[PDB]
Amino acid sequence: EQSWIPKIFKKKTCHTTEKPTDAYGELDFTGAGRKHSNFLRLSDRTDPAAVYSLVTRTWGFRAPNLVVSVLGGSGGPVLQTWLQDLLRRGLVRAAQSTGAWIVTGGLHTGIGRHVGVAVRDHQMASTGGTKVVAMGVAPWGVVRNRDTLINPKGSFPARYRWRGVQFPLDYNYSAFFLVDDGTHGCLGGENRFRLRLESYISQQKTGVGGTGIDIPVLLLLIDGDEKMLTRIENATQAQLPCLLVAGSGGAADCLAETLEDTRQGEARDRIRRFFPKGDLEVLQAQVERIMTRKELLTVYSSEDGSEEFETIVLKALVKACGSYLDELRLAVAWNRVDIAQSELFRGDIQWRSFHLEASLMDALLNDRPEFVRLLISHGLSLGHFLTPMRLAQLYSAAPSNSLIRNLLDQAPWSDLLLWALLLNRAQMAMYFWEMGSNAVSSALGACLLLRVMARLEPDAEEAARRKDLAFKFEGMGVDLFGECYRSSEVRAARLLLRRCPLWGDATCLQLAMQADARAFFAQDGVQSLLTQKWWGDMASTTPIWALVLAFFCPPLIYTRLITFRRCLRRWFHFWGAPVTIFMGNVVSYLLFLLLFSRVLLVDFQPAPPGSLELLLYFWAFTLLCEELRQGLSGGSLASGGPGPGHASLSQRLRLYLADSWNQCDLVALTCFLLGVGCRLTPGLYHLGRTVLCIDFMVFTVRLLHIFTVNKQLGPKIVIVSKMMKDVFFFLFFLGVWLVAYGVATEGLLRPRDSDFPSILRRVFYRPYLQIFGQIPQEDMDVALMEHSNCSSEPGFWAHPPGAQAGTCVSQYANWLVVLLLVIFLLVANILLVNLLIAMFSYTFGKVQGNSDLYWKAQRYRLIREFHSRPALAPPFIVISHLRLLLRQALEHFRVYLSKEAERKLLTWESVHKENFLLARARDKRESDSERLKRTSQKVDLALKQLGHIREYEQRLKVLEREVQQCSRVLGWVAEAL
Amino acid sequence: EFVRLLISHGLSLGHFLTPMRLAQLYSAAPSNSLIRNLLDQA
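First to last, the protein sequences are chains D and A.
The first sequence maps to residues 7 to 20, 66 to 215, 221 to 318, 327 to 387, 393 to 480, 558 to 710, 766 to 835, 838 to 1091, 1105 to 1193 in the authors' numbering.
Here the second sequence is numbered in the authors' numbering, starting from 439 and rising by one per residue.
Hints were generated in silico from the structure; no laboratory data involved.
From the three backbone atoms N, C-alpha and C, an ideal C-beta is built for every residue, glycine too.
Check each hint, because a few of them may be wrong.
[Claimed, not checked] Have a look at the derived ranges for each label pair, beta carbon to beta carbon:
id	chain 1	residue 1	chain 2	residue 2	range
1	D	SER471	A	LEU443	41 to 49 Å
2	A	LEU477	D	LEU1038	52 to 60 Å
3	D	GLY150	A	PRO468	43 to 51 Å
4	D	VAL221	A	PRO468	46 to 54 Å
5	D	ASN1131	A	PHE440	57 to 65 Å
[Unchecked claim] Far from chain D, by Cβ distances over 12 Å, these chain A residues were calculated:
id	residue
6	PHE440
7	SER446
8	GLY448
9	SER450
10	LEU451
11	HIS453
12	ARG459
13	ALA461
14	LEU463
15	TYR464
16	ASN470
17	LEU472
18	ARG474
19	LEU476
20	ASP478
21	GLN479
Turn these sequences into a full structure, and let the hints guide you.
Listed below in structure tokens is the structure:
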């Protein structure tokens, strides 16, 4: 695998030399575990920046937040029980709450064996995730079995054997640094590597960018021995780390007594420690070098036990700093919320503004969404916070390298909302939308921007998040509009249609259209607005017959029947509505078909053409012109199309030829041109008629695409195209079963008059008309024909009475023909047709629910097409094109309001939004599964408070017994002596 | 339910599983008709 490890890191032998390093790789214990632990042999006096870069970069460890270092020696008996409680409650629960490390002498049977027991017990007790990591620094020279690790290329698994002064390696850790100095069995022979590593960690920033704090580090000592004071004084003189001294040990309680003062030093150095030591420098150096400063040391409380440990750590680590680190930035660097809870809600110290204003910047970068609610709820106003230098700094952080970094390689709340939407943070984005201003338009725009940016990234793990976040925004927008349509439908109609300035001159509905949001058109209020849009200017659900009677006679609109200086505006309002230009288009098209039929049936003689064909040619030229206008005027940004504004001719040409109906009309026009050019040349008169009669069919079948808009045929026309998965199955099965019957029948009868078309006819075409109730039996039997022998081959022959069935049919074994007829009719008639009915029913009942939604989506585009179309008939399309080429959507697409009504309307909707979110939150709060959780927490609290009451009865009974004994003794000395 | 406890915070199985032990474990046959009948041929 890697090979730079024996290139950089060195080792030493038996005043010594330097060589490349062997014996490295992963290590495996044949036990219950989820990973193989890493180890490395390395030489002393190496720059620890390299080994820190090794641990962070190559191996999969995350950069730490807190480095504690257990540093003591008990000598190896079993410890008393409350020390086990301390290491089992305080240095493991805190160490997996925050992502932390534990640096320990990594051998077995040392102080670290108890640490391993505590880690193992806490993993075996419960599973809360994020298993406790630990490194082990140990000297090469006391490990029991060598020669199963050392190999010059290296072993990636390594089986390890305990049985087969030395020590084994413990099996609880995840990293093994083996320092070497050159010896065999010198315990306690490497410390300066450990001190320089511990010191190098505390000058390195945390987080992604270098913004926040330096990593805190602390040395925790329970009882040691007579040389541990040197280890204390080296660190606390050199690098200023905060210390912590566990009370009631046996070699650090001397420091507790000499710090609790604020010669007796000889009284202390022989009472709370090993009395044979030699009072020569221990009283002077190994106490005075420690007690020359006291802002660093801290006595841990012996009367106050566990469940307060990180509070004591936090207080000591703040206190020793002032010999700028604060409390909130350290809390945000961890993930604990309750520390911020107590610090904010506690009324002992009034909080300033600079602390919050600085710490919010560190909260936004490392994606801690639960803290921003606290830091902005009872804190600062954001108008003080957001400054353009700060926002430039926030954009300046780029946490990834491929999404916004690649899109910048080419280069107040909504400003944060775009920032949250670019970098894929869900729990930030919901909060910034909920504290937003323009409610409904922002949701659909967010859905649009996610659907666009989902394409450019390569992976699928990103797309499975982007599509889900887009569905979440679309659903939230749908429910918000549904909770506003309930009251004052005029207000909702005014809200939906208007223009939102934050994204340019675009409306809400067009943004919903270009992102393909089905569920937003799915609901009913949008449908009821599109209905009134489609009835045009000033009509309301007048029936159809009034419209037809108005369109037939123009002096009936000035009267009572229509329902809504004066007349010349009334006449312009009536013909502007789309439901009238639709009727005009349909009437013109039917007149075109009737004229074409009267040309084809009676006329179209071999002659010079005349007026009744020149009218048709003029008509076809106008239809080609209108098709060219629709094509050139110009699709869907959700696919990745070129979008509005300007695009290429090579883009619009590719766009236009993908929708099938215009492709069919183009084919129809070219076939029409082929026929009408065929005719003008002489000598090919018949072929023009033959082509043009077929092309009439393709002109006629387009009369279904026009009626897609209407209400009662809309969801019915679309389903017919999705039922083409079964007609092909029917044709396959029937063709295979049909050809065999045809060949077998014409083999048994043997007609003695044969050609190619007669045989092809009598094999295919005659069985095909037998499944539709036409069964002629004249050519099948012989017992209906005349026994006539006119044939020359030997046998017996019969004469058919019909036509096309030859003139001679054999009679040998004629009953097989009748039996095959019965078999074929029973198969095709009784099984296949009924099976096809069953398949249509089962396909329809499934696909109906999707087809209805897809029809509801496209109705807006089909309405929008008709308004841009010219308002005159194809007999007046020359004058409409004259008005178009004389100077070379507005209705129900922009409503302009007064700004006081705008400012009122946004308040009206913001009230409903703030009501809606609170209603949903309280409905989740008062459910029937969170009652159980709060009762669980309250019963746990009650049990914990009940745990204090028990010992008071024991101590109070003991004290009352002592008072009774003292009263008995005083009464004895008074009245008994 | 005991083997999780005796192997979780206990020994490594590379020490435990030895071929004499595994022969002893196969040597126990709790039934008389399924593996006993299929070792009647062996």
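Any hints from earlier that this structure breaks? Give me their numbers in increasing order, please.
Those not satisfied are hints 7, 8, 9, 10 and 11.
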